[PDB]
Each structure stands twice: as structure tokens, then as C-alpha cells.
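In C-alpha cells, one chain follows: the form deposited in one PDB entry.
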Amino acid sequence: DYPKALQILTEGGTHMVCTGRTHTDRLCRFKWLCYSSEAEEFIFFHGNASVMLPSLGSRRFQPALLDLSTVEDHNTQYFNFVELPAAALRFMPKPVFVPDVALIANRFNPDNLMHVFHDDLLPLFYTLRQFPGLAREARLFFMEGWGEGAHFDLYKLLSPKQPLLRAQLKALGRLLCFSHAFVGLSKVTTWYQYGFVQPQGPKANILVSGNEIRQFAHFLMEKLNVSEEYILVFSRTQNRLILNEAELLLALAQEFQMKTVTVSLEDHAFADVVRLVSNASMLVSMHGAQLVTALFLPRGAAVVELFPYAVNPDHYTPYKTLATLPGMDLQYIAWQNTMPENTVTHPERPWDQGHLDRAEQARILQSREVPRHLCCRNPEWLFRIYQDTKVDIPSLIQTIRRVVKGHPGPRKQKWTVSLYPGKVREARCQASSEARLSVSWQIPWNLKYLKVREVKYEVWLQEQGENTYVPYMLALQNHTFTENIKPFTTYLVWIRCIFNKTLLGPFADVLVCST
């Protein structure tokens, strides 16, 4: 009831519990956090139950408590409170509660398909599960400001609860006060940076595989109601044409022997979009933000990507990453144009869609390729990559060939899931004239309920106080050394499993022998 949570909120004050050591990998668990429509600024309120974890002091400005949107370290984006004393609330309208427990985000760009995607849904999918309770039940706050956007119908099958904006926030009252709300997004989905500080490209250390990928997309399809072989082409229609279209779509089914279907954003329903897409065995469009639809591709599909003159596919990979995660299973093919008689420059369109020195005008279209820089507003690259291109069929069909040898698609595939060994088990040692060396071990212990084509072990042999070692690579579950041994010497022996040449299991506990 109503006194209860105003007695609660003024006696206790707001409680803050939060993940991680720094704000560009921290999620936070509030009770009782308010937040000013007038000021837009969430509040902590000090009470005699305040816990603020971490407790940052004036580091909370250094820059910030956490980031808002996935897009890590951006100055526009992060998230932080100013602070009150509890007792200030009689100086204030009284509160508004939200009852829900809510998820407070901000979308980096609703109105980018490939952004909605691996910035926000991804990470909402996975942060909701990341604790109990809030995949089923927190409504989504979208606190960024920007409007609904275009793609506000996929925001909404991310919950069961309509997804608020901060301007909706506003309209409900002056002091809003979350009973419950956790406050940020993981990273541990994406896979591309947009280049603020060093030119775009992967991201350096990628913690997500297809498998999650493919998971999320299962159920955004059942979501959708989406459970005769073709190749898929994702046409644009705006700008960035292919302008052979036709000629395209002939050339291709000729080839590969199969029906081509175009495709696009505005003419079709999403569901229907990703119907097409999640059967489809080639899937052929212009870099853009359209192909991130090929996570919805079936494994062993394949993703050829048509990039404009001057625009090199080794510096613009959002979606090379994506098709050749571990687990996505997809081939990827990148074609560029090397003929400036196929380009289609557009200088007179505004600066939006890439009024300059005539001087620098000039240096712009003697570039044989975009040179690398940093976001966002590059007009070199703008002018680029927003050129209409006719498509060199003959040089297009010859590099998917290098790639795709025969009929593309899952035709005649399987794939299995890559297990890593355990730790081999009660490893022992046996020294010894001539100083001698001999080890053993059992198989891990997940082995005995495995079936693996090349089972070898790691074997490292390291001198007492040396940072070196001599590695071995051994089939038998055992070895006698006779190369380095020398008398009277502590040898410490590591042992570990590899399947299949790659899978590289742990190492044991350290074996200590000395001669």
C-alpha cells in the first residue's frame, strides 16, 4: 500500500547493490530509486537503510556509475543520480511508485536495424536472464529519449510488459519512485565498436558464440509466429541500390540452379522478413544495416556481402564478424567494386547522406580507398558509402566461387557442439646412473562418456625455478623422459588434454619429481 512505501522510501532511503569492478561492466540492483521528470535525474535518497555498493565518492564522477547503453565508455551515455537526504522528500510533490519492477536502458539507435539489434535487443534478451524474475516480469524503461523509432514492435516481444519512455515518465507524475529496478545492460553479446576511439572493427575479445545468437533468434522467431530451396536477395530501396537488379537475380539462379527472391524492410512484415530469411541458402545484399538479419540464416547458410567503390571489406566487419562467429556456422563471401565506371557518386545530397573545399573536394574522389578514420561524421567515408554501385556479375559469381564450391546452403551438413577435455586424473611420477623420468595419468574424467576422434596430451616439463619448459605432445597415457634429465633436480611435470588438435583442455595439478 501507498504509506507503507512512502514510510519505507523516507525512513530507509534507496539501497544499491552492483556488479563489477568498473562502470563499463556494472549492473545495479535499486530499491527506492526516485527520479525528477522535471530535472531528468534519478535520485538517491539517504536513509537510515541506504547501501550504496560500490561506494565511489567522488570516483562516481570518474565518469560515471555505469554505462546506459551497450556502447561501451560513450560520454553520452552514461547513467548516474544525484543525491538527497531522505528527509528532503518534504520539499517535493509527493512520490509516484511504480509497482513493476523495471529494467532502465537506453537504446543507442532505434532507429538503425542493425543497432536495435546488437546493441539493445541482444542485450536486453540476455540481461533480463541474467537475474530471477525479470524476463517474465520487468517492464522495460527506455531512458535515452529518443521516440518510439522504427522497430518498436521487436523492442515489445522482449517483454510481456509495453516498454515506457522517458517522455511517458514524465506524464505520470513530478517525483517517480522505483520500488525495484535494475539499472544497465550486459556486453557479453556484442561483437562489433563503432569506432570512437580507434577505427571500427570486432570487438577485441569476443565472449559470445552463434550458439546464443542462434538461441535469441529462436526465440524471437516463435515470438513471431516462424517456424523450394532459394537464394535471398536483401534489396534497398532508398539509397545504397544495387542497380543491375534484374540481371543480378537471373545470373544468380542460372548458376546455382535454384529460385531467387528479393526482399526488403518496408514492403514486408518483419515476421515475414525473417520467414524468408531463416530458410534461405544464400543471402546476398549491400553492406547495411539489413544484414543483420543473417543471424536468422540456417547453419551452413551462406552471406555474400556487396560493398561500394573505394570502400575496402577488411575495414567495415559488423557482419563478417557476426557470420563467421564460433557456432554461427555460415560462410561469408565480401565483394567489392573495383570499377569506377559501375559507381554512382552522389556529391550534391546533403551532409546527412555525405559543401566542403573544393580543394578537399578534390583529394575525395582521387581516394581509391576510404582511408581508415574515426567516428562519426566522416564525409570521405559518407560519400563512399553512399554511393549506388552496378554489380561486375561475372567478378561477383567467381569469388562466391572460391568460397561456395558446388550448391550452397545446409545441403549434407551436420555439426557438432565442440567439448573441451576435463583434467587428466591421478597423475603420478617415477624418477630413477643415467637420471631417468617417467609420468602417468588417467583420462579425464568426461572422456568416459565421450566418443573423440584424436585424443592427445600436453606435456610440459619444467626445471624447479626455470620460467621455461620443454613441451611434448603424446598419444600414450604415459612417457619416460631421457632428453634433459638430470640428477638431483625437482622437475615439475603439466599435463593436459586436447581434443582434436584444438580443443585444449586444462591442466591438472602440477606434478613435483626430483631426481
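Whichever C-alpha set is largest while still superposing within 1.5 Å between the two forms counts as the rigid core. Numbering follows the first chain given and starts at 1. First, how it differs from the form deposited in another entry.
- Among the candidates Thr489, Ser50, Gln477, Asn446, the CA atom that moves 2 angstroms or more between these two forms after core superposition belongs to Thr489 alone.
- Shown in the overlay between these two forms, fitted on the rigid core, is a CA shift at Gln62 smaller than 2 Å.
- After superposing the rigid core, the Cα of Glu466 is displaced by 2 Å or more between these two forms.
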The other form holds:
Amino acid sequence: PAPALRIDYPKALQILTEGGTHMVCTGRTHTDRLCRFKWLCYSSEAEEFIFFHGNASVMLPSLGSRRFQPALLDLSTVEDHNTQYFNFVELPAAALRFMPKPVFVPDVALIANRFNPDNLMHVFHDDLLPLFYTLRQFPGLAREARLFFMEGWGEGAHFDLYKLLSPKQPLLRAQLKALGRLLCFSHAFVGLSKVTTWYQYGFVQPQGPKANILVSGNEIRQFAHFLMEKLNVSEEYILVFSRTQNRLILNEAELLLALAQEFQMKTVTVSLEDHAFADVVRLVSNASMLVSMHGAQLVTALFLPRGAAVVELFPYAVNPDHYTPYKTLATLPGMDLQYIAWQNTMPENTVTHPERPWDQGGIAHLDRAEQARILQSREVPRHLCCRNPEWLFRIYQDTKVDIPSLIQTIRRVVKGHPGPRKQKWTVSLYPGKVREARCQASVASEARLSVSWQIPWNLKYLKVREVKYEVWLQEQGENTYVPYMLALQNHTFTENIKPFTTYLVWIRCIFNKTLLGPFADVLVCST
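Now show me the form deposited in another entry; what you just gave was the form deposited in one PDB entry.
Keep in mind that what follows is only the chain, not its partners or any molecules around it.
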């Protein structure tokens, strides 16, 4: 039994009225900024956060007019999206005399914007994963924070997933007008980290993977482990993730039997509509292979066990290489998932729906000349977000899957039985710097350059399959080097080494060809 401590109202009102708002934020740009506020206020009538200047006020960063070029920070994880900015208006703390008495929020708050709470992929990629690790950026937040979703949408189809990310009930912006005309957070954090994102949806360039992905499969799976425990989720089979409303697999029944016979495994169907989400996660987490049309439901592939296979199907005229949010997820370093893409290339096996509304892929609202152009094109061109008619027209086709071509496409990657072979998922880490690098000239001989060094310190405690040392030889005063790949820690160079010459020697250790370590301090050596 813990005390249900409320706010000490006279004390809080005095600290607010005399001291004012306090703000300390990270990062130097608005696209990578997280803010810690004390005594930040919000008027539910104006729908504006308020910074009150008092005698203890702090504003870091202090941007001046730059606070509106474009704003203070991104409230959502979609970078620089001009409808998801956060900012406040300023008033002197004395101006509280002209306002109703404030209502204080005792809970520590995390304020953020959900991008599209109706799409499972946006929920996981833009909100759930960023929230999970943003909370763990600051001590105490993970156990105490109440989420405040200010984007303006309702609960959405997946609100129960948002409730798993916090012990307290999250609040929407529309609910704040009932709490009071002037609300003041005693302790609030604002913003979401972009560190877990891997996709951009096509606002400035055609959609695709983020340029520099900073998340690995291990961090994805730690998040999945948490959600599975929250959902109370603790005969090998193939799982077909079905859709019931649009973008259908028209011969799903034939597909289930064909996969069952080809791989000699039980096949099972799952869908968002007919299964509770905890049951969906339960089925995915033990599946050896996940087969599904391109769509939001494939984001659940992050729950797949290591070693499982993802088979993504694409409708006619949809190039798999151009739409890769689930390919990128499946092939992240550390995810350890096989990825297979299959595209319908037979026009007799596709079903178009030109009469539907525009948001469902219809084209009847366009002029007859443009409809014929869309109908005659056999691949969606590269485009920008969000309502490209040809993209929607083709992505909401129904598909008859050519069974033998799908089987052969899978077999080029899954040569035998699918799923984990109970493999040893070794950790992949990098060497340290080589230590104590020394060098010597000849001991009337040729020109000789002999170099030696000690192994990296962490290699003292490592068992590694292949250890090599890349050595760069740069002659004094020249801008070019000669590379060497060596296995030993002691080498004497002779070929093309000149007498009475000084060389710059750079050394770095490499594990298994691809894991490059850092270079040590440069070694200067004369022959």
C-alpha cells in the first residue's frame, strides 16, 4: 500500500507563480531534440502550451526567433513533418492574475504525437518502439510516466497496445478540456527519439529505408520480449497472415495446402480481424515461416523467432524493391530472419477495382485519358506521399497467387526445412585498437621496414574465427597509401620499400572480414 500523494496546491501555485517554467533540452536541431520541462502549462481553450517567465526560469536552448524556424522539436517520429511540430507561447508568470486558477498534473508526463493510430505498422514503427526507448532514456519515466497524445486523433483501432507501454492510463488532447481551462505539468518530457526508426514514407523522396539506420534486431527483440510479457504470451508450422477486407489472396485455400505439402509442415491462417492481438502474437512468435501480402499486418514479423522466414507477396505492377518496410525490418542486423519477396507478374491473375473510392484505390473519378494510362502501365512509377492514384489502384488489387512460381521463389532461399535450425546465434562485436605498435629499420642490407604490435585488449578474452590486421603504408609527404592484409602481429616489408625514407603506418584489426576495428595512433618509421 503506497501513499496516493496529491499536489500541495499552495506550494505548487507559489513555485509556478514566482519561479515560472523550466526547460532543458538535448540536441542542436529540432529533428533530434528531447525536452524536460518543469511547470509547463497548457490552456485547453487555446490548445497552446505556455511558458511562464518567472524568477527561476530557464530556456535551453534559447533560440530567439529561431524557435519558429520551424519549431522547437518534432512531436512525432516522422522527420520535419510540418504538421507534427511542438512549440509554446510565452507569458510572464505575473499574467496568471488574468487567468483561472490552474489545475496541476501531479504525474510525470511524456508528451508526444501519434502519426497514424489506425495503421498497425505506423503504430509500431512511429509510436510504440520510439515510446518504449524514449521512456528508458530518462530515469523513472518507464515506471511512472503518463502518456499525453496531442496529435488530435481518437483512441484508434490499437489503443490497447498504447496502454501496454505505460502503467497509467494515457490521455488524449480532447480529454484535457474536461480537466480544466489551464493545466500545468509539474514535470513533463516532450518528444520522441527517432533512434528505432528504419523507414521513411516518401515525403521528400520516394519511400524507402532510412539513410542511416541506428537500430538493430537485438533492440527490436528486447521490445518484443517486453510486449509479449505484457500480453501474457509465453508441431512446427507455417503461418499465413490473411486479410479479409481488401488486398486479398484469392486462392488462399489452395495456397495453404500447397505450402503444407511442399514443406511437409502444418499450415495455419491468422488475421487481425478474427483473432485477439495476444493470440496473433502467440501464433507469430512460434511460426517457422510467415507468408503474407504486403501490408501493415506484416509488422508483426518482429515477433518471429530468430531463424524464421518472411515471405512477402506483392500485387501486380508493384515492384518489391520499391516498397521495403518489412524487407528492411526482416534484414536488419541481428533480426536473423530470412526474407523472400514474390511479385505477381501475370495480368490474368490480378483483380482490379477501379470503381472504389479514391482512398480504396479507385480511379473512376479521374478523366478517361488518365484511367487508360494507369490501366496500360505494368509497374507503379516512383512517386511521393501520399495519395498517388496509380499506387493506390495497384496496391488494393486482389491476387491469385501462382503456386509453382511462389514455391520456386521461396526455394531459392529456403533450400530445406524452414525456421530455426537450433543455431548458435553468436554475438557480433568489433575489435579494439592494436596496442604498443613499434617499428624498426634494418638490423649493407636492403631497405627494410619492420612493424610489430600487440593484439587488441578485448581479443585477450575473445574466441574469433578469423583475425586479420590491415596495414596502410603511406610514404612521407604523399597522399596515397598501400594496403596490406596480414595474419601475424610482426611483419618486415621489403618490396618497394625505399632506403632513407619515412613511412606512416596505420594498423587496424578485422574480425571475420567484415567487422573493422578502429585504427591506432599513427606510427612514423624511417628506413
